[PDB]
Amino acid sequence: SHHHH
Amino acid sequence: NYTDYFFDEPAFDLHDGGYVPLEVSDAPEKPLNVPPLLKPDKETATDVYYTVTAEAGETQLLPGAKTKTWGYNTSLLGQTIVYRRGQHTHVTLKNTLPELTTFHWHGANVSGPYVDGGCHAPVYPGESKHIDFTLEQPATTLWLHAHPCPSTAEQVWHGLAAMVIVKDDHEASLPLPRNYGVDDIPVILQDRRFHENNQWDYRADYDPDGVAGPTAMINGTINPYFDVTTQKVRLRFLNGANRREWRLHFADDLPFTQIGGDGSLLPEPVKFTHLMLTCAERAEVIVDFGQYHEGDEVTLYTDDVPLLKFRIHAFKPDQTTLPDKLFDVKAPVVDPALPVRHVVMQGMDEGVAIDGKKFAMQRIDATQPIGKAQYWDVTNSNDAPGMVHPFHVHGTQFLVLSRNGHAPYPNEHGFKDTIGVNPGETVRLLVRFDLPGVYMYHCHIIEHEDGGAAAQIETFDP
Ligand SMILES: [Cu+2]
Ligand SMILES: [Cu+2]
Ligand SMILES: [Cu+2]
Ligand SMILES: [Cu+2]
Ligand SMILES: [Cu+2]
Ligand SMILES: [Cu+2]
Ligand SMILES: [Cu+2]
Ligand SMILES: [Cu+2]
Ligand SMILES: [Cu+2]
Ligand SMILES: [Cu+2]
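Chains as they are written, first to last, in the numbering used here: chain A, 3 to 7; chain B, 222 to 683.
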């Protein structure tokens, strides 16, 4: 689900 | 809404003009290289003897041709060197490279400038030097790397870095994974750019603001995996990159506990999901894989880029718990007679400087008496947009008192030799030198060091 920046 | 890291989001490397994104390599997955422990030439309880040889070779990094590389007692990086507190240590330094080099023990409280192995300690091709010393400092992860001035960046790029493990009695008594290569591993974080025939070319990739390539390399491995055979694993993160910052987290935000920083155990364990490391910073963490099962592969990322896969095998349950206190940090009292030292890092690119000046090898910039603790106020004067400058001091382990008058970051309450200073920020350090001589302080973006953003301090007996 989660992605970074 | 919020960044998951402690540093100032606008200052991250990824905002820089010439930023080089990491890209996933198509190279096949392979086992993480774990450097062997360097066998002593001889050891007794009181004395240990090592030979450390800088050498050139070839390493199979990508399919096809082998990459020409340099290492310590191996073709790339180096065998891990174990030192013990209070043990008289003897090292023969041998250079078999075509270039002169230097053997810098980053974080080791040894005398400078010769044993320290900075600018003033050249070892020419074909020659040998003999050093000895006794470490009187807490257990931690240090490292060895080349430090000729200039040319540190290029030599590190060729592959001259190695992990150094310092043992003591206190750390040995803690319930920590300590089976090297099995449940306790180096994670040396680097990046490179491969050119034709899988070769490196520092000069083609040069940038005065910091060299970074798009291919991540972990312990000299491309697309590494690690076979986990225990519930808990200790990772010794070292940022051995020329410039790049690592923003480390697992794919699913698996928590991990930091137990160690640059210079010592942390006073207390600190729980993390996301951890940012600037150049030369070390962080020792325990990961608990107890919620996973045989066949699972759990991947450690920086930003959105996968770095290191953990293949879960069968493991016995581990019921142990960390104590609430790991380590007693005994802060020195500042010498009241001594002023506050102000150090200003200025400029970017070619214009980087400290206190208005570029490095000069003959010149002493500062003095401080040994045995006496002093406040160092260190300012990153870089306007917005700026960058996080990792400030390093040779020959001391310092303590972090405050950041812009506020608390240090949660993982900055132990001893450290390198600290990331945000744009505009003043940090206050407590700095004591135990030994007399000449020591360097500088930014540890290695292109900044080479570009002259360094100064030297003379320590003397009063
Ligand atoms: Cu942004
Ligand atoms: Cu001795
Ligand atoms: Cu000796
Ligand atoms: Cu260093
Ligand atoms: Cu250093
Ligand atoms: Cu995350
Ligand atoms: Cu298995
Ligand atoms: Cu910059
Ligand atoms: Cu240095
Ligand atoms: Cu810098």
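These aren't lab readings, by the way, just hints derived from the structure by calculation. Any given hint might turn out to be false.
[To be verified] Cβ pair distances, simulated, as ranges:
#, chain 1, residue 1, chain 2, residue 2, range
1, B, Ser349, A, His7, 28 to 36 Å
2, A, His7, B, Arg532, 38 to 46 Å
3, B, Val554, A, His7, 39 to 47 Å
4, A, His7, B, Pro284, 46 to 54 Å
5, B, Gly572, A, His7, 25 to 33 Å
6, B, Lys579, A, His7, 42 to 50 Å
7, A, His7, B, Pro683, 20 to 28 Å
Each residue gets a CB set at the ideal place from its N, CA and C atoms; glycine is no exception.
To see whether the hints hold, each was checked on the structure:
1. For the hinted restraint 28 to 36 Å between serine 349(B) and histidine 7(A), the CB-CB distance of approximately 48 Å leaves it violated.
2. The hinted window of 38 to 46 Å between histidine 7(A) and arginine 532(B) is violated, with their beta carbons roughly 27 Å apart.
3. For the pair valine 554(B) and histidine 7(A), the supplied restraint of 39 to 47 Å holds, since their beta-carbon distance comes to about 43 Å.
4. Separation of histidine 7(A) from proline 284(B) is about 31 Å and departs from the stated range, judged on CB atoms against 46 to 54 Å.
5. Checked against the hint of 25 to 33 Å, the pair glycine 572(B) and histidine 7(A) passes, with Cβ atoms roughly 28 Å apart.
6. For the hinted restraint 42 to 50 Å between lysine 579(B) and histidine 7(A), the CB-CB distance of approximately 34 Å leaves it violated.
7. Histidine 7(A) and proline 683(B) have their C-beta atoms about 50 Å apart, which leaves the hinted 20 to 28 Å range violated.
Hints 1, 2, 4, 6 and 7 from the earlier list are contradicted by this structure; the remaining hints agree with it.
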